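Below you will find one chain, with nothing else, as structure tokens; this is the form deposited in one PDB entry, and questions on how it binds or moves follow later.
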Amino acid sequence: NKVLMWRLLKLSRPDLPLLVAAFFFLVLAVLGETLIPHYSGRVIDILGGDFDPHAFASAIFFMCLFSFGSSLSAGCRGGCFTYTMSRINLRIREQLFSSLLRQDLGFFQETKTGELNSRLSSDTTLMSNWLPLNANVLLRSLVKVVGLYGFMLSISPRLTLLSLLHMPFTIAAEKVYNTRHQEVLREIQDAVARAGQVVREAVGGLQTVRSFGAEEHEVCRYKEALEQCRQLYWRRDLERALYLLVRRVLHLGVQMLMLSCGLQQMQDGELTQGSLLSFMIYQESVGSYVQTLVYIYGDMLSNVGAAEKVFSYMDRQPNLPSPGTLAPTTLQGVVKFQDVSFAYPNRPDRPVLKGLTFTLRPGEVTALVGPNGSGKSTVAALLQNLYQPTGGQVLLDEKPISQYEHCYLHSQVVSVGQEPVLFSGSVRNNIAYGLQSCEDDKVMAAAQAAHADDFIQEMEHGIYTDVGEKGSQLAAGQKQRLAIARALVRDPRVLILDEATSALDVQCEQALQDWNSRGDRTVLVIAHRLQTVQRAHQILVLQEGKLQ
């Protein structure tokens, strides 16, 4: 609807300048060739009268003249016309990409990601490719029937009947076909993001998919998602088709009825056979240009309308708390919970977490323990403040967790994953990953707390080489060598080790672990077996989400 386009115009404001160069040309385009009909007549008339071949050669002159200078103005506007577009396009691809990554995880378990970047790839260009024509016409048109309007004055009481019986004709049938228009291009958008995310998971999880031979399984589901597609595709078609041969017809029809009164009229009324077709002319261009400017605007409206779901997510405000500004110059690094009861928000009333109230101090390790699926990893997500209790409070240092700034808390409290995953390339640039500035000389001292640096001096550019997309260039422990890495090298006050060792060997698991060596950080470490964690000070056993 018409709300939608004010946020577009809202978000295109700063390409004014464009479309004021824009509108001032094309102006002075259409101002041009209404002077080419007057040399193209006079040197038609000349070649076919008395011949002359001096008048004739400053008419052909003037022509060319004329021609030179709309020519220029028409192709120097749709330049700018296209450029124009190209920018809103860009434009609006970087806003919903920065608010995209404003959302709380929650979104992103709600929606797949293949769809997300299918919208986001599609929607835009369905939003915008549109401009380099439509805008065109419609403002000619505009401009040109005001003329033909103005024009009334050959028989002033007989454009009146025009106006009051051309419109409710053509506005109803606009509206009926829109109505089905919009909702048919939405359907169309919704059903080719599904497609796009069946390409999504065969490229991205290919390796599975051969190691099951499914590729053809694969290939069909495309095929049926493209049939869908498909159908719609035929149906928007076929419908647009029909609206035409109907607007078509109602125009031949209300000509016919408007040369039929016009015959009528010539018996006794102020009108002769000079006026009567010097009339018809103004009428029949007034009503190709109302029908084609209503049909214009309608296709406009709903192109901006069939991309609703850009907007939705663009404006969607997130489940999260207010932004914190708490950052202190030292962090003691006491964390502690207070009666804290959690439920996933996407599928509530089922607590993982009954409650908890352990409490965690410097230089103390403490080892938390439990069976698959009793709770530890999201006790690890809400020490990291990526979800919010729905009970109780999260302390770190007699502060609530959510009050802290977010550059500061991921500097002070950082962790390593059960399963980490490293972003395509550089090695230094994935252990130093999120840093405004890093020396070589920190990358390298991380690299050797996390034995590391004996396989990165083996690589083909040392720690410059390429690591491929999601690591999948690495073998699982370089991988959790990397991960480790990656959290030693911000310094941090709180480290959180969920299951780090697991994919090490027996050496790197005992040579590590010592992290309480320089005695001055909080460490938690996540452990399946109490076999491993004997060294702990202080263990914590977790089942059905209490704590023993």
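Positions refer to the first chain, counted from 1. The term rigid core refers to the most C-alpha atoms you can superpose between the two forms while keeping them within 1.5 Å. First, how it differs from the form deposited in another entry.
No residue of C76, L105, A476, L252 other than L252 has its CA displaced by 2 Å or more between these two forms when the core is superposed.
In a rigid-core overlay of the protein, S278 has its C-alpha displaced by at least 2 Å between these two forms. When the rigid core is held fixed, the Cα atom of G49 travels 2 angstroms or more between these two forms. Once both forms are fitted on their core, the CA shift for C220 between these two forms remains under 2 Å.
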Second form
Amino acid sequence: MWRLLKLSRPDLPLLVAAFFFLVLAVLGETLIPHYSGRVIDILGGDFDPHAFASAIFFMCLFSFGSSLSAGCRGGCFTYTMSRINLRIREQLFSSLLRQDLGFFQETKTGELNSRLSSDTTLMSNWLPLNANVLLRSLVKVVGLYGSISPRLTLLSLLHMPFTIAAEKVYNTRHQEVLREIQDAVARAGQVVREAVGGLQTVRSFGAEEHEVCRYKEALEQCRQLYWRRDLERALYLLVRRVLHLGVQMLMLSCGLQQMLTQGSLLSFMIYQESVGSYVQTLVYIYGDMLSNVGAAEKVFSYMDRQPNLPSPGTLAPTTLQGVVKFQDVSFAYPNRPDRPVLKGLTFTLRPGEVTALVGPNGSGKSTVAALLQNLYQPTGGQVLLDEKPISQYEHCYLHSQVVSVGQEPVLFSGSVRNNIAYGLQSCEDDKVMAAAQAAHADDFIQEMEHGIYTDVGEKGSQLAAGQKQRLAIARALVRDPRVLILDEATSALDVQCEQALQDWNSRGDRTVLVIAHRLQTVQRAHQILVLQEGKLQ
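Moving on from the form deposited in one PDB entry, kindly provide the form deposited in another entry as a structure.
One chain, no partners, no other molecules: that is all that follows.
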């Protein structure tokens, strides 16, 4: 509604130039036919150096005046909507990064990229091909309404009710079919992302023909929606012209109330027949902009979606002891409620010792680690870090002190140094080489070209699984944390390396929480917690 007005608001200086270059543009082109008639009507008899040369000279200046101001209009319009489209895309992506972790479960990644790409172009390409038409049409109806008019304006009474109910039912149908077109495009885009991203699984089963056939079915559903939208628009335009003929004949049916003469009536018949089919452009174009703006409301709902995260933290101590306490925590995932995962856990963590959490698969060990990093909020009880709730600490402070290693790590595309120093605004190569030595990752780093600046593919596709795990450990260790969480860290590694990295508390001032699938994995931990079916024993 009014959001697009505030959105394009910092483009008004370039906008007010566009209506500046438009007023004198249409002014020039309306006066050109007058001087064109000045030249032609004197070809019966003309004087060589007289106003015939002046008529040509006067006509060419107004060609100069109209064409130059017309070029500056299009240049201003073409640039100003590159600015609008790139501003929309930035605000949408910035607001999409603040949402909670449960929001990304409901929506697919391919669908989100589709609205970020396709819908922003539609929401910016509405007026360009028509705003020149809109104000030119507004100018002409203003100029023409300045002849024989004893009751000419009578036609003004009949030109107000242009079957507004028929316009309203068409506007509802047009915004309906524009919504399904956007949804069908987003469904087809997800098919491309799923088949291309996971290619190695697709090629391993020889199922490339299945993914091609699925895309062909998705394209046909889009095509049937495209043809439906074009059909009703062409059907509506034909129906509108039939009514224009009807009202014109009905108005002229009362044309013999006095037969003011015949010649006076026929003089304005052409101009009346013009604006009869020329005011329909006004209601059509204005209706299009109203429907096209409201047909991309999925983007605007995303930009003003308030996440269910708590209030942002403000506490930031200069010295953290590192004590973590769980007090009767009860948790159930927000997208699938009414099914508890954790039930009444209660334990404490101390910086001097190493705590081991063991249990079977599907028990909730990684849910505990995810809740410990303030990724989710418990539905009962609370979790306390240094005698304070963990949600009161700053977002950029808490995650710099409490780091963790996931079950299967994901490495973003870029250099190895960028992945090791991920999340840090600045990190000298002294720190990176110090952390790479701790995780025993310097052995294979030297074998690659360019050293630590070599490329790593998407999701670490150009690395071994063992080498990917060592980069994740070095990435967490370079932050120098106070609380360290290890969630199945030493599984993909070989026997020799995982035995070398078993202490994790050489300094002795870090809280270490090791999470293992079996009890035999951990043997030196001071405190061992056995977690069965989501309830501590």
